[PDB]
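If you want the building blocks of each chain, they are given just below.
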Amino acid sequence: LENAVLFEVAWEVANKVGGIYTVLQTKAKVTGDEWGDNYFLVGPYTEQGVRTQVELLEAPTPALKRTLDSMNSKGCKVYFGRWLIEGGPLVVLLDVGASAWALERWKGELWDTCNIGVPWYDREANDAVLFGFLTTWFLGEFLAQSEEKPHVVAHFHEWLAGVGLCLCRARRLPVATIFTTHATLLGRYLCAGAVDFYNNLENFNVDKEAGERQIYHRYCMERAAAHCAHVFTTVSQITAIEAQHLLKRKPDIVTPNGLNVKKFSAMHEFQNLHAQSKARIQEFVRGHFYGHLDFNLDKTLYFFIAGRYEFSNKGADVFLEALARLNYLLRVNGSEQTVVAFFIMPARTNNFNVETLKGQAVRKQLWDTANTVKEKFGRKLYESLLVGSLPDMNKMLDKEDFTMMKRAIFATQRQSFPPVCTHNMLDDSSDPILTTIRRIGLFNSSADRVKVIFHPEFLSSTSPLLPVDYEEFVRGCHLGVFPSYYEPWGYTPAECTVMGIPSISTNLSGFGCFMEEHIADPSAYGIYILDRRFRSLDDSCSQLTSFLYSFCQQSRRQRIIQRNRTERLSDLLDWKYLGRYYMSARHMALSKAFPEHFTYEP
Amino acid sequence: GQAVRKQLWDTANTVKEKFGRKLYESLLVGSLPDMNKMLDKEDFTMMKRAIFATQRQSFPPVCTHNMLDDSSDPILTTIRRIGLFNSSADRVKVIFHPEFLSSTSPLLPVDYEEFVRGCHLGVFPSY
Amino acid sequence: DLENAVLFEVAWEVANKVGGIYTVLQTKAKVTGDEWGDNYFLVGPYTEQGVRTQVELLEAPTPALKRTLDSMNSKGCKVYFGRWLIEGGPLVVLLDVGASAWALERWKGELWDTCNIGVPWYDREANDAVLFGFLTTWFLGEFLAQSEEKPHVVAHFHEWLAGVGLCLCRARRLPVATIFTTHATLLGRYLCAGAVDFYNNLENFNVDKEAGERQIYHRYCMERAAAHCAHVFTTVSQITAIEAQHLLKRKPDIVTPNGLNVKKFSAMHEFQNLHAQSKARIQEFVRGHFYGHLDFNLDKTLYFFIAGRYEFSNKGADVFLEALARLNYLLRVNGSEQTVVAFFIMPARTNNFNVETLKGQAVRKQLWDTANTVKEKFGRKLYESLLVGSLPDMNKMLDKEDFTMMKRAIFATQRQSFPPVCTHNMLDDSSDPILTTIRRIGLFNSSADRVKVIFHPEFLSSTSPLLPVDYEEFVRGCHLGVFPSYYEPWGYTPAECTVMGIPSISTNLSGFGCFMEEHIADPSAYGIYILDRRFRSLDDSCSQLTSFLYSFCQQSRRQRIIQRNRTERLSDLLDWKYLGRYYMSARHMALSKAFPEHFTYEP
Ligand SMILES: O=P(O)(O)OC[C@H]1O[C@H](O)[C@H](O)[C@@H](O)[C@@H]1O
Ligand SMILES: O=P(O)(O)OC[C@H]1O[C@H](O)[C@H](O)[C@@H](O)[C@@H]1O
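Protein chains in written order, with the authors' numbering: chain A, 24 to 625; chain D, 382 to 508; chain C, 23 to 625.
Chain A extracted, bound-state conformation:
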């Protein structure tokens, strides 16, 4: 309300390291009008990041120029710029060149103030604290040199900026404080290390488990920041439950991350981009299985699962045993429906697999041998239509063309079952996905109604096998199944829902909890939500199959309606809707720190 200058503090600002970068990428537009030009982004300085993202500019206000000049003084570095990303974000890039002065003197101060020590072994630990003092310096100077300074909000993202949170309030600078944890630090190691992490979220000895992993300095850094914040904020309501029972600070507001959504001129252009991308997947599955194309591709479905290669976290284990049962239900029942599940999770690869790479080259061979004799037919028809005669149709193709086509069919034929992995792996037997595939019994056989393709790399437009982008490949697949146990927010299930493609999310996922909260209808709107908190592994697998078989039994027309319904939920995941929550958080903090000038509006 009252004019004020706020700062968004994160490590991922002009770094491009984590997913927090992608959050603040498109957050800049919606926050660029709510506080206007007054808002800033405090971030670390990298010379690599400047050449790409940062364009340096002078200070508009004379107080800011004094603050930047003073920041240059005392062996500290500032590089005020403007981020080249859309929104016009004015960025305050602080270098680690101030390592000589801030780290040694203020580590003792941090000890006399926060009582948190930093091990020298951990690299980003010493780098985070430096960045922490540098932020407090800039905020401190901004409050001091600006006469009658408006209420300040310091918006802190991730553990790396969590240290500078307690310092901004340690110096008692008149500043309202927000901490937005996009992922709980201790929650990541607790997810796999401790069984039933969600079930035992209350039980977990909060100090013991952090110390067993030698991450205590980091948990202590993430906490304290929580306690030394008026408004504590989580992206997910499931992460809010995490913070309530582990970080021990209940999130004041839940501000879910948002995606800028591409608005097309036609509201059905996503469905036009569906058929175009489906055909490019059709060129792949026609090629990968050659001589084994005894399945109707007109009535075939594509299931999609992506993310970092985490077998338990990105819930590949749930989805693999579910397709094994979907193998049964589509085979014991007289069904023509074939499902081609794609596993796009990048891992260590030597090179491309021989038979897959051959299959694509024989695919074009059976396109070349179907273009040569096609042109023969084309000329014979053009010279028959010009004469004035309908093609005989039994003399259009010569004996040579039948020998060409007869040899094309002889080359294509294979006996070996089509491969499961698109690439060749260094550790094939040790690979958790490939080990499960051979266990469940899906070798991409003729009898199998589900054929598993594991592309052990990110997709690229410049690829020998599958030359399509990630964004395009999602739009091609019919359904995007994302079972999860530990996703703070689903950046992959949600990018799916931003597009017209329906996504099977889960209750433990941040996206799935958001869809349960906002909209009342789960399956009706398209987004299937899997109960994984109050259910066993086996029930969760079976619920996936009832969800998968529901989509399998769906008709052509009903699939299109559901894909149109999922398009309507893009507005819900737009920064336009999901940035309202952050705006409330900023307003809520000002009220907590300084009540008289700013109305709380609670």
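Calculated directly from the structure, the hints in this document are not laboratory data. Treat the hints with care, since some could be wrong.
What the hints assert, rightly or not - Here are some, though not all, of the chain A residues that point toward chain C, as calculated from beta-carbon distances under 10 Å: (1) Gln294; (2) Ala298; (3) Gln576; (4) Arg580; (5) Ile583; (6) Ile584.
Unchecked claim - Calculated pairs, DSSO-like style, for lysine-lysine (alpha carbon to alpha carbon, straight line, at most 30 Å): (7) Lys88(C) <-> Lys387(D); (8) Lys285(C) <-> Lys422(D); (9) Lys100(A) <-> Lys88(A).
Said to hold, decoys possible - To give a feel for the contact side, a few chain D residues facing chain A, derived at Cβ under 8 Å: (10) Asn394; (11) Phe400; (12) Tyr405; (13) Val410; (14) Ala431; (15) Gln436; (16) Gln438; (17) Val473.
By construction, the Cβ of each residue, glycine as well, lies at the ideal position given by its N, Cα and C atoms.
Given chain A's structure and the hints, the job is docking chains D and C with the ligands onto it.
Relative to the frame of chain A, chains D and C with the ligands by itself:
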């Protein structure tokens, strides 16, 4: 006639691709083409109508362009006199092009140096 | 109702393919093929040309039907019972109109002691209609006689050509319920142009005088009498119902609007996919017809569509031409980038195509030739550059040869003269009502003009040198289909438009426009603009049309798509599924009125 030639090239490209797509899903399936079902009733009606539009009763023209003085033109006057109206019975068809060949031409898009090389014989009686 | 009853659909257009009634009867077959099942039959004229295409002969299922067919065939009359090959498998009783040996004079003398209507020998179909009339009454008569305890029969009569055989059934007093469905008022057609303000003077028109002045009295008398000798009188349109109330002198009991069997695509947006595909093929035409004069953004261009028989006053081309002349002003005096390319697809007498509409297509092709040459040459130089490992230089991709090729293409694709209005050459160019108006209003397809009028004097065909696309596809390509009319009993040209996703400007005088006013409350909101032409002058109607056209012109890309999706929803209204519920009321209304005890009143 030039537009019809491209029309009978377009109607011979549409059903060619329809032949090609049905063949490619026949070669991939593992079966040589049937060769009789390859073209549907939709394709046959396209080709049957294309032929019906092609049909002309007028004999193809002696001069490619339209002249200001057609009757006064010494070449065209001789053609109608000798009796070569580009008929089916005629074994010689005379095709006068009243203007220089060009590559930027709606009809006959070939330049003079290329057009000479295309023709089998270059007859030049002179006085 | 629909229990223990038989319906005979009697029309001249049954297995003939002459008029629009053929399409109505053909399409109605499927919805009527389950309401009365296999029991319904269609009585029609017999043509050996029509049999080879449409009729497959079959034996009689019921033994009584064999008796009826044999007795009529034996008693100096000709019948060819069979099944129509159109969808719904209608069973057709093709009666030979060629068998005129004795009925022509003896039966006409019987017609005069009964109906007191005489037939002139000069009029061909007049003598053929009455023959077909007696033959129907014979078949119905035998069917009632030889079938012991016969279910009540509903004789469903379409057009004046069957209208004579209507009164015979009542004259014999055979137990038969009777329906007459006039798809177009006979006397209304000549009154439309001959008498000024036909709709305004519909009550005033001297009903017997005007019929005699044009020597159609035998047929007006034939169409009337059929009306009076029918329990249920039925009109296709509510505007035709007003016509019949003051011309045929019968208020139509029900209005059963004609319907189209809509093509439903697996995707509910496939019409809009077929929009862009067909728009591009129109874009290829607009790039050709206008060459060297292409200074108009084609992304922001609209296509207006008008079709039908070549009737300048009836199909309301006069209204639409003076309206584009004002739309020329409103899009030019206001700083607008919007260009509108109106297409007039009304077939007329043509000699051949036009030099500059076929040369423009040829230069469009040369500029696709001299682009494809310098693109493959670009492509080959690019392919050998990416393999070496270098991004294309972009100043050295194209050589000096390519610049000379492209520079000469640009020189050839230059014209001083403005693009042609018509896309063919006419026999009577000056006498042509459309072309005369175009030169009068001042739209010569100029650079300054924001509306360019193209009149394709012939029907669209896939096999065409200039514009190779079907009629069905061309409608789907155009943004808006404007159909002003004065006398369209039921507009199928605007009707088929609304079946597709394309919005259509109908009128109050049209049968389709009156239907859209009656059923749905929202006119312009649902897409179908309705023009007031009954209570307004010519000039006001042109201006109402201008405000309707300018409303579509000021519409954005996105708002156009929404309206086209809304017009798709109105296809269900024009489906025989929604429009055949009206014929069912007419049949139900008849069984009851003719035979009250057996069939419920159904009011
Ligand atoms: O994805 P499916 O349910 O197989 O449906 C396939 C359909 O996808 C899109 O909607 C396209 O626009 C249609 O042309 C296609 O028929
Ligand atoms: O017809 P317009 O309003 O110019 O819109 C043009 C649009 O038509 C359809 O909806 C197509 O699917 C779109 O690809 C295209 O953008």
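Regarding the hint that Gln436(D) lies at the interface with chain A, is the smallest CB-CB distance below 8 Å? holds, 7 Å
Hint check: is the beta carbon of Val473(D) less than 8 Å from a beta carbon of chain A? violated, 20 Å
Hint validation: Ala431(D) versus chain A, beta carbon distance must be below 8 Å. Holds or violated? Holds, because the Cβ-Cβ distance from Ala431(D) to chain A comes to roughly 6 Å (cut-off 8 Å).
Identify whether the interface hint at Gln576(A) stands, where standing means a beta carbon of chain C within less than 10 Å of its own. violated, 17 Å
Would the hint on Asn394(D) stand, with a C-beta cut-off of 8 Å toward chain A? Hint holds; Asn394(D) Cβ to chain A Cβ min 7 Å, cut 8 Å.
Holds or violated: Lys100(A) to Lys88(A), with C-alpha atoms at most 30 Å apart: Since the Cα atoms of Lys100(A) and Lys88(A) sit roughly 14 Å apart, the hinted pair holds (cutoff 30 Å).
Proposed interface contact between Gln294(A) and chain C, which counts if any beta carbon pair is under 10 Å: It holds, given that the least Cβ distance between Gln294(A) and chain C is near 7 Å, below 10 Å.
Hold the hint about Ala298(A) up to the distance rule: shortest CB distance to chain C must be less than 10 Å. With a minimum Cβ separation of about 9 Å from chain C (threshold 10 Å), the hint on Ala298(A) holds.
Checking one constraint from the list: CA of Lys285(C) to CA of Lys422(D), max 30 Å. Satisfied? Given pair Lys285(C), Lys422(D) holds - Cα atoms ~19 Å apart, limit 30 Å.
Proposed proximity, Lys387(D) with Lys88(C) (alpha carbon, max 30 Å): Not satisfied, since the Cα-Cα distance of roughly 56 Å exceeds 30 Å.
Interface hint status, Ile583(A) versus chain C (Cβ within 10 Å): holds, 5 Å
Chain A contact restraint on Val410(D) - CB to CB distance below 8 Å: Holds, about 6 Å.
When the structure is compared with the earlier hints, violations turn up for hints 3, 7, 16, 17 and for no others.
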